[PDB]
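The complex appears here minus one protein chain, its other protein chains still in place.
Order of writing sets the chain letters: A, B, C and D. Residues in each chain are counted from 1.
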Amino acid sequence: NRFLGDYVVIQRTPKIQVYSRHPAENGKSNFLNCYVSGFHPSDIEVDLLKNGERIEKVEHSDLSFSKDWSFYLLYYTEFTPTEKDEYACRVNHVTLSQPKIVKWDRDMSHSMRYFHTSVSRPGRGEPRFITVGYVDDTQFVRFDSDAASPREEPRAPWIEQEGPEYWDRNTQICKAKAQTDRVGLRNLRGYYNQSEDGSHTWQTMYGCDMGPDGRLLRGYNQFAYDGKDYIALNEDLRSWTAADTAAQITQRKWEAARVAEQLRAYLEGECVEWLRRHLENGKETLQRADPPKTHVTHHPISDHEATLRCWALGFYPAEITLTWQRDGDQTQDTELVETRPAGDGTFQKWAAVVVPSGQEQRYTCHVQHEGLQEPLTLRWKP
Amino acid sequence: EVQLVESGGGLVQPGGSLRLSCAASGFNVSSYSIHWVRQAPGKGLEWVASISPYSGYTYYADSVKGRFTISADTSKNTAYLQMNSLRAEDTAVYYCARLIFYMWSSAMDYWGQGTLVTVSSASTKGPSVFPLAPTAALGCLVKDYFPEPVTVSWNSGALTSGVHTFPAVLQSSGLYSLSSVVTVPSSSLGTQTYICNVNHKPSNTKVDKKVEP
Amino acid sequence: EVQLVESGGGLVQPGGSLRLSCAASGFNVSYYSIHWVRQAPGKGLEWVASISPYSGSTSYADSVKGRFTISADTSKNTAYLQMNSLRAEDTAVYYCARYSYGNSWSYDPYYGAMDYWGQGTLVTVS
Amino acid sequence: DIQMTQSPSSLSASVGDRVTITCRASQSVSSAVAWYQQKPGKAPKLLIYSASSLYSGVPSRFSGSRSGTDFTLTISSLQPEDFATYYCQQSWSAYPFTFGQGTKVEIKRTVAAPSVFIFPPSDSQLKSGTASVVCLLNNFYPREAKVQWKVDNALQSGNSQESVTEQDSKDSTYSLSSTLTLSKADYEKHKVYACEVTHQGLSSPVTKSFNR
Partner (left out) sequence: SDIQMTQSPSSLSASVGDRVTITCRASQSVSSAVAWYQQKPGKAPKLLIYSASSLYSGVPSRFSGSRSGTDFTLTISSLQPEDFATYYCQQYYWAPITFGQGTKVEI
């Protein structure tokens, strides 16, 4: 149940990852993904390749962002691997100076939150407003401004069972939130000094954490302009934190009007209560836990040195700890990738560290995860 | 059907407080944005106060910010605009309107008839009805009444054609008056009876003065 | 109103060096990657180099790689091109180009557009 | 704020003509504008909502266009029942939900001469001590008519009021009522009272009178 937030008021290089939803077997139907993450602003040209030819009929996920407001997308397509077929992802972004090509080298509590993105398009019509509602790491609604008939549209196998009353009120809010955000972007060109020739962003987020006690643990209501913190709701659910001078101008305006009062009522009330329902309706998937499947692979770059890689596959929830240790700890001199979404609700990740060939049996990787009952440890052993 | 029934009009002395009520029939105010637009009347519309559907964020025009308090009850499906410290410029008719949200725009589709609110320093006075004895034209002459919102209909509305209930011209003495006349065939005079059914809700007066030649 | 102005042109002897300037106006260059293209007299259009001003990542065409150093300044809102070890063939009217990146998460995936070219400025190697 | 503006304030067009109503916004309100129809003494109604989209049910003769900051409402074919006032409104920025000054749409027709009536002051009012002579004009066009009172052949001006009604949505005509107020003592002081009506539809005034 969305909340009707009726109150008006950096550039990161993408991290392109091309991988396969499952280990690649020649001739076996497999999914190819191009998960670009950690980029900002939102605009990005992503296109999956196959032997230099662009692939059509690819599928991509709804725009979201992490805690630091950096965006991420999952471009994937159904394919079948072979020996000859080489696959690349052609990602282009403003930070890059030429399109980046990444070849598919085979060897390479709870919380309901509502992310919204409003990207102004000064000459391409009304602002591109896209909003997504999550539960823990799972997605369960979306509402795109540019859809044929903009409507709160389910994205989970347990949410579509809601009745019309659910979708009519949620749709009403989103079409109100879009018009609220649209006003915000117009005024932010005024607070700052910005020409009407550039496209900007206004990300907003809110939600309700809920510890095991079934009561609100910390409410969220944040805002970002152009990819940086703008104004946030403090844990007390009564004050505001302004991250810059312009955020102070608006911070007073939301203290006199006591907008936080409505947020607390929903955050402490309607927000958590529905989260409990979503957990009760979707208890099949949200409350699940799949332990990672772990395998360690070694490929040498020399006759006496090599890079050792520990793989974690098919686990949910996303949060996982995975790092390398010698004799049982290498926080530095280690390479660790962003957690990868497999596109089926599960995630993947790996970590690598260089090693001299000898005494590799001393090394080990340790896997800690919510779904894991006991700590884990493994080392390469052909 | 979906309707909005106003109420709570009348006269409140400068500085008084009032509570308009807008019943919602067939649609719950708990899931729509009730707004309030007022007409002078005789002038353009002016948006007064809005209350958001679910959250409850009540916004007000700059003029009535802090005097008026808009709310809405789900149990009774009603909306209220509690007005306080009424001034001379608050004389108006208030329409309680519903709102509909589109992707990149909104508008008010369902309305209510609109209760009138008079604010003046005079007391309530009933209507002085007289019959205008007379193709021919017959009528009555309402006079020296207060406040303006009087209604005149003939024979419980059984006669509708030829009606001309002119607007209430405010007399120099600070009282309203209007002429209710109707045209009927001369050959039908004496065969049919016509009575002006003056009805003055603010004074609870209902005088029927029959009109004959 | 978006409009770019180029400067730093004139004459130069072969083997010399010149520093071209393309001062933008009407938009923050940090939102775009400024590409440099040259046209020999009555010939095709050749791409020179490109600067992503915010991250300063740059790419150079092999025809000038190792001789040309490109640069930008967000605070000044201008684009600079350093040319050294000049060759006779480098005569052209140099245009600075404004790449405008697109997106693919739209329902109709776009591609960027080199929408705005500068007016050009002649540079004679002689 | 976004002070909308409707040009023109009032426009009279003959039935079957094309009526254009322009509403302009002091700021770029994108494609969020709506038009409302309200008849005198009734509640408004919505016609155009998404800056061009016609509300479900409204006749197809209505149409609206968007242009930069200017907006226009167009009625393809003027009709009788469309006599009303048309208000534009911007939903770009709620708080405030600004409206326009309003447009008055009138039907232009042929000159139609009036019918004059006179009502002798009733005995009931006279007993109370007040008298009121009423002169009536029913279904005449256009809206201009000089009602010159004459008592005992003497001009009595300075004690009368005029109350014109609204245009007849059916015939597209007007009606007028002019009243002369004199105290009961004054009434007995004069005998012949009359009202003179000069109208565009009448070559010479038609005088109606009565004697006590």
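One rule holds in what follows: a contact is a pair of C-beta atoms (placed from the backbone, for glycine too) under 8 Å apart; a residue touches a chain by one contact, two chains touch by 3 or more.
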Among the chains presented, those that the missing one touches: A, C
Selected from C:59, C:69, C:77 or C:91 as touching the chain missing from the view: C:59
Options C:8, C:9 or C:102, residue touching the unrepresented chain: C:102
Among A:54, A:215, A:283 or A:288, the residue in touch with the chain that has been omitted: A:54
Interface with the undisplayed chain - residues on subunit A: 45, 47, 52-54, 90, 98-99, 123
Interface with the undisplayed chain - residues on subunit C: 35, 37, 44-47, 59, 61-62, 95, 99, 102, 110-115, 117-120
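The rule we apply is simple: only the chains that are shown with their structure count from here on.
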Whole-Å gap separating subunit A and subunit C, where each centre is the average of the chain's CA atoms: 36
In subunit D, residues with contacts to at least two other chains: 30-32, 91-92, 94-95
Per-residue multi-chain contacts in subunit C, two or more chains: none
